[PDB]
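Left out: one protein chain. Kept in place: all the others.
Each chain carries a letter (A, B, C, D and E) given by its place in the written order, and its residues are counted from 1.
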Amino acid sequence: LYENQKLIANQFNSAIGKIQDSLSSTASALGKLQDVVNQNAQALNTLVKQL
Amino acid sequence: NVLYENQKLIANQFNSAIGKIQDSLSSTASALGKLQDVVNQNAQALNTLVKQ
Amino acid sequence: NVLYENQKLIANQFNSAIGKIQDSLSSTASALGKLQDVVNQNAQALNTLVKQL
Amino acid sequence: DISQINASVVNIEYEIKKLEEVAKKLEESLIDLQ
Amino acid sequence: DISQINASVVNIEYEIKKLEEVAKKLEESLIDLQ
Partner (left out) sequence: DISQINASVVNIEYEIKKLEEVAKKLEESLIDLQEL
């Protein structure tokens, strides 16, 4: 019961690498949404500042 | 005996976890897509109100 | 030994991986929740403004 | 033109509830060989 | 004055598309043996 052990480890490590990339893309997308939402929040506040 | 039995169970627990991770990624991309749409709509609505 | 010690290494590595993946899902849900509430608060503000203007 | 502008709301409560469920569902995929 | 007001727009299509292709490519990592 060792021929599958080599298969389980390689499939696991490949899955980890793909999950790393997904987490990086999630953090990047959340960072972009935060910036625009806040940059659009000040555009609305300053609009009340000129009215 | 107890190895092959345990050498096949970790393959099921791994495959089940992969399926769950897949569904979480699809829900995450779905939520990010709906957030992107509503943000851009409310942004162009602000530009249109500034345009007037 | 090897085939044994190797067998309970995959389990400990799999569990620790799953453990930190659960934390990543929790962080994502919290972040998505905060963005939803703020986007809808600013959406209601934009409507109320043009409503009373 | 004015009085016709509308800001949409977003609703992702289902996706948020799904992520929190997958997190707890992964607990069942944990391994504890005897 | 108010003519200078400008709201930014988001672009996360890369990240969104990346999450759903990795969700598909993760299928290729499931174990199949006997």
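What we mean here is this: a contact is a pair of C-beta atoms (placed from the backbone, for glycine too) under 8 Å apart; a residue touches a chain by one contact, two chains touch by 3 or more.
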item: Chain C, residues in touch with the chain not shown (by the definition above); value: 2-3, 5-6, 9-10, 13-14, 16-17, 20-21, 23-24, 27-28, 30-31, 34-35, 37-38, 41-42, 45, 48-49, 52-53
item: Sites on chain A contacted by the missing partner chain, in the whole complex; value: 2, 5-6, 8-9, 12-13, 16, 19-20, 23-24, 26-27, 30-31, 34, 37-38, 40-42, 44-45, 48, 51
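The rule is short, and it goes like this: only the chains that are shown with their structure count from here on.
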item: Whole-Å separation of chain centres (CA-atom averages), chain A against chain B; value: 10
item: Interface hub residues of chain B, defined as touching at least two other chains; value: 3, 6-7, 10-11, 13-14, 17-18, 21, 24-25, 28, 31-32, 35-36, 38-39, 42-43, 45-46, 49-50
item: Junction residues of chain E - those touching two or more other chains; value: 2, 5-12, 15-16, 19, 22-23, 26, 29-31, 33
